[PDB]
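Given next, in structure tokens, is a single chain: the form deposited in one PDB entry.
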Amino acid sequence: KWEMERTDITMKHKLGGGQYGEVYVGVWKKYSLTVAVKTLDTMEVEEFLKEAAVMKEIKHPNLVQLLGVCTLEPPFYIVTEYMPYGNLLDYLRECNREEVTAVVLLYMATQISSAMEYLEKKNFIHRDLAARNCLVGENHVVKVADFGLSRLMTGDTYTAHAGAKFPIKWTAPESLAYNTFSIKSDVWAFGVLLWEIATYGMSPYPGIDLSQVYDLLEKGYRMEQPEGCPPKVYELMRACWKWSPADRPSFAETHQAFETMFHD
């Protein structure tokens, strides 16, 4: 149903400086439409198709939309709607802060909590929430992307395979310690994502030794409040980093808090 004919797309240039896979900007000739195209021998086919598959099952204004697949023969294609301003981390880092103000940061957070409220409702789990995995478009629209590790959950947790390796700065302690992933682990990451946004794209736990992060977190260390970050947003941010997953807010609560702030 989603399959398309590779001949349809014209591939113009490579897109990402090598950081996101083999992704090129594409022009769908017959529909006159700019699109992105992720392509894959690179023994990662199993996991590419898994990705192509999950994007068929989800649809939200703040999640990057699949337009079509070529997954009948190689090279395999993933054709998504094109976000002309790229990933959020570099956007924040390169933006004009007179244009991207505190209001715009709040808007970006609200839109992401929207995407995550929807996955939470769908009992899906993203597993790689971070500014580098969000994309920016016209009028400061932000959309969550990169669903390679995403899953529909059979119950309330998913256990990663032995020896899986994770981005530690974004990973919840129970995920580091017990390979346990849940919507509450996605909430932990969201918090770190909020800190990335608050700081216009700074690196979390700057200059800390990764092998000390768990240790520090268990002893209670958490990242300090960024300058300009409002107290309510910092309180919410800290809520996402509660040790016990149960004590963390839901994505519904979080989104309610930002929609309210976005008004007041």
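Positions refer to the first chain, counted from 1. For the two forms, the rigid core is made up of the largest set of C-alpha atoms that agree within 1.5 Å on superposition. Compared with the form deposited in another entry:
- Superposing the two forms on their core leaves just one of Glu47, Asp209, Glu224, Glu235 with a Cα displacement of at least 2 Å between the two forms, namely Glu47.
- After superposition on the rigid core, the Cα atom of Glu22 is displaced by 2 Å or more between the two forms.
- Annotation: Cα of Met11 displaced by at least 2 Å between the two forms, core superposition.
- After superposing the rigid core, the Cα of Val103 is displaced by less than 2 Å between the two forms.
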Given for the second form:
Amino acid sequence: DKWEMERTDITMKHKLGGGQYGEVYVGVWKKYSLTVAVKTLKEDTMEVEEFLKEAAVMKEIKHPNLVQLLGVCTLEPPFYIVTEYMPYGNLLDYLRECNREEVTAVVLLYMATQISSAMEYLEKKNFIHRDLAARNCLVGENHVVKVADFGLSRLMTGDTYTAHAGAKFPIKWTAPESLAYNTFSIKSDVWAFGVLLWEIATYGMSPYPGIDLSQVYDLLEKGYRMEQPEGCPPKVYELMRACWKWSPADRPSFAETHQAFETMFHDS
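With the form deposited in one PDB entry in hand, show me what the form deposited in another entry looks like.
Below you will find a single chain and nothing else.
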């Protein structure tokens, strides 16, 4: 198809983000003097069909707050997926390092809004993300934020995705039903989005500090939730709490979350 590109066009450099994203690399598409990100299929995956399914979804996504697919190499091994490279790194590190007189509460709201626009678009396309978190959001020029879009899955709304037994999740971002039953949905992404919103509100602190991973389900089941961070507006906390409702059906849609953020700008 039109996405196939020449692998020898790419100069492969180091693993991206010091290896925290697995077999994703920084490369240069030499012709265009362009730095790109390159996900490869290495020893990790005896799962070639899965990698191809991932790429398939990416070919159907175009949004200003989702990482842009540039091409693929799947005419021979090893298979590649090639996206734009975001030069300022991930949102977690960015919040932790930033000057808070520049990254003000106004900018935090802009960040949150852009992420909720991305997720509204995925929701509408019946795609699930499964790893929404500050570490998987990327920063560009002028506080542009883009959500990473490797690892997405098709799943119609009203349907649920069941991860294989022994699949390992980022516990503190994972909805209780996903913890308990390996069951994922757009509403488990909404839950993760509330946790991301707390990461944004705290300038990238670690969630549920001092709580062991073994205790997180029991904490949530008994009705406890992370407290409102100092200076977090009540309306933003209410939204967080809506995302962490026990029943997935009671959690807002991303359409609703995005709207809430738009309204907050006018209410300001």
